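Chemist: Spelled out from the first residue to the last, the chains are:
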Amino acid sequence: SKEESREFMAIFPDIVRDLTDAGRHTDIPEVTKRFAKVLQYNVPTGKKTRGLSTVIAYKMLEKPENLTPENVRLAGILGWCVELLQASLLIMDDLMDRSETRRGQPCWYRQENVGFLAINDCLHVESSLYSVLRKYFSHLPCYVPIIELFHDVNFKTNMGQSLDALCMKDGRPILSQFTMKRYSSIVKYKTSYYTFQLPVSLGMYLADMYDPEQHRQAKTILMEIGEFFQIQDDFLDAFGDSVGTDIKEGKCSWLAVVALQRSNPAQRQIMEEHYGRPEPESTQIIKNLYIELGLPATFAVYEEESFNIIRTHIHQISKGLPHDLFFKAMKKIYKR
Amino acid sequence: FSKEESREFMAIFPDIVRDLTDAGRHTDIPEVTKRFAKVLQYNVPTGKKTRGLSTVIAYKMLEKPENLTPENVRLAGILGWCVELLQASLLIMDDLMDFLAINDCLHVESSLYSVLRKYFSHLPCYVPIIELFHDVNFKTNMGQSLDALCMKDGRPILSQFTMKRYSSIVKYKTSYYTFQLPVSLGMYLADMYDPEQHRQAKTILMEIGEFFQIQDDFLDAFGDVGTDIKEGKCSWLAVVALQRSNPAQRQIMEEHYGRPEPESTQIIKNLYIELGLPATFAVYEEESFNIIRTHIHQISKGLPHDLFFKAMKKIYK
Ligand SMILES: CC(C)=CCC/C(C)=C/COP(=O)(O)OP(=O)(O)O
Ligand SMILES: [Mg+2]
Ligand SMILES: [Mg+2]
Ligand SMILES: [Mg+2]
Ligand SMILES: [Mg+2]
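So the protein sequences, as listed, match chains G and E.
Under UniProt numbering, the residues of the first sequence are numbered 87 to 328, 334 to 427, in order.
Under UniProt numbering, the residues of the second sequence are numbered 86 to 183, 202 to 327, 334 to 426, in order.
Fair warning: there could be bad hints in the mix.
[As the list claims (entries may be wrong)] Quick list of simulated restraints, FRET-style, between CB atoms:
no., chain 1, residue 1, chain 2, residue 2, range
1, G, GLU198, E, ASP179, 15 to 25 Å
2, G, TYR296, E, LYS88, 44 to 54 Å
3, G, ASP297, E, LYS419, 33 to 43 Å
4, E, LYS419, G, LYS339, 52 to 62 Å
5, G, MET266, E, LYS119, 19 to 29 Å
6, G, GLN375, E, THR135, 34 to 44 Å
7, G, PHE202, E, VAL392, 32 to 42 Å
8, E, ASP180, G, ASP183, 16 to 26 Å
9, E, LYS88, G, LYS267, 22 to 32 Å
10, E, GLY257, G, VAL392, 21 to 31 Å
11, G, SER185, E, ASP179, 52 to 62 Å
12, E, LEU322, G, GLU198, 54 to 64 Å
13, E, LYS88, G, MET309, 48 to 58 Å
To be clear, the hints were calculated from the coordinates, so they are not data collected in a lab.
Backbone N, C-alpha and C define an ideal beta-carbon position, used for all residues, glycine too.
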């Protein structure tokens with residue numbers, strides 16, 4: 087919605103001022119001005135789906151009579167703390183992957199006189215969201231649960247990143263590690279917690295929903311939606327309309348995992364030889380093998396089956412949680 | 086630090102590793118939790134844990150003797166290990182920038216908040232403590248960035264080497280997390296929340312922090334291994350050299366400061382000797398010692414002298 091996008095974007099400039107121009111650290115204006123540019127470059131140029139989903143989650147969890155402009159704005163500020171967390175992770179991930187571009191612009195680490203100083207900027211941006219939480223939430227009962235959620239999700243996302251790294255040795259993929267079990271774990275910890283659980287749990291906390299059973303039931307369905315989301319993303323890297336590099340980078344992708352499940356030994360040897368090679372021909376050989384194993388058809392079947400299984404699980408969701416919130420998320424991801 | 090203090094502090098470390106690597110929770114990701122255990126084990130508990138043990142000593146000298154139970158001294162130890170987890174994250178980041204993965208520094212920093220939640224979430228000091236770590240982390244990152252703004256394209260920006268910028272770099276990059284953080288944690292655990300008590304403690308500890316780094320900078324060049338000159342660091346020696354230099358002496362700093370050639374390091378050292386930086390350091394060491402001793406003697410707001418005298422005498426030896 088137009089109103090939601092505009093209300094959300096209007097908050098960002100206030101957060102930059104809160105972090106760089108609140109009359110604090112006035113002895114060091116050169117580093118506060120630089121930090122403004124770090125935030126301005128890395129935080130607000132994406133689709134901001136996670137931050138906006140934090141607002142939508144709150145709007146569907148809170149009692150209608152409690153939805154004031156002021157409370158909706160607080161949900162906006164929590165949304166931007168999610169976008170600050172993501173900004174920090176992607177600054178670091180782009181350095182780790184040595185990627186060229188993110189959101190159509192040169193990766194932050196490639197900018198002049200940054201490189202490995204991107205590590206410090208990563209830590210700085212992540213640290214900044216706790217300053218935003220203190221300013222706007224320190225007087226509310228959801229303060230400590232929200233701080234704890236952000237620290238725990240950061241920890242879990244790091245476990246996800248590190249598990250991803252244990253699928254590679256010396257810039258070569260370990261194909262024996264590419265099991266559906268490990269893939270599912272990587273998706274859960276590396277992406278699902280910060281993408282799906284974090285926005286909804288923030289919505290619940292701001293709506294003073296602290297029942298751990300409610301958070302556990304929410305998590306169960308959001309982890310399942312998370313798995314389809316990443317599997318679809320993995321499928322599109324290879325078979326989407328154009334610039335995917337999963338094959339070249341030797342990533343533990345759903346396609347690589349399913350390919351290795353369905354491969355005869357000669358097909359296996361093509362993966363061993365060619366998966367994660369920098370030569371464009373090697374990328375084409377893996378793509379050709381994926382076509383040969385019928386992965387497009389496999390994905391189409393998984394897309395229909397997973398949709399039906401998740402919708403079934405949403406209907407079984409115990410009273411207290413709005414089914415509409417989870418159906419709305421499914422509708423966003425499946426476009427259906 | 087006493088033998089009993091060192092041993093009871095060290096006995097906590099294996100508990101923290103098990104808390105962070107989910108031992109007995111039966112995790113779905115044992116391969117990466119076992120790796121993280123090794124990250125903590127290899128990088129956190131080795132050498133002198135001076136910040137960690139200082140947190141315990143600060144607590145013991147701030148708390149009412151009646152409240153110094155084994156249980157409370159152990160909580161001071163865990164707070165100390167949270168400071169050592171922060172120290173370990175900062176060392177890992179320095180190592181990456183010069202087995203460790205790039206995200207290990209973020210992960211180790213993140214882990215201290217898991218430890219604070221586990222052991223302190225029930226205490227009135229919980230929120231002040233986590234807010235202190237948040238603010239110190241932010242300020243440390245600012246210090247690191249300000250240090251980086253003294254270098255461009257691998258060449259030092261000598262116009263940036265002012266005493267004001269130096270003092271700021273030390274305060275933000277080092278002093279907040281090394282000197283203030285241990286004492287503030289001790290105060291919070293002892294239920295000392297008075298902002299004026301934290302402010303008076305902060306004033307003295309920032310002054311001790313400045314001497315610590317100036318002495319460290321002095322010894323890098325004149326100690327009995335040092336690379337500050339080669340790396341083109343914003344050192345107290347470089348700053349004072351530029352204050353004292355005539356134009357011909359400035360031109361030697363421009364030409365030779367931050368060069369990889371060993372000869373360039375010797376030229377800068379010869380200039381430091383010429384400009385009388387040894388004697389200038391000796392004068393500053395005496396004047397700073399007397400000013401800090403005076404501030405400790407004048408310490409009010411019901412703060413104990415002996416904690417600050419002990420910190421001062423440890424750094425000045
Ligand atoms: C601890 C850290 C730094 C976590 C990284 C989290 C993250 C979302 C990385 C992107 O993974 P990717 O490289 O598979 O995806 P993308 O295509 O977005 O780069
Ligand atoms: Mg990447
Ligand atoms: Mg990556
Ligand atoms: Mg992708
Ligand atoms: Mg040194």
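Chemist: Need the list of violated hint numbers for this structure, in ascending order.
Modeler: Hint check: 3, 6, 9, 10, 11, 12 fail, others pass.
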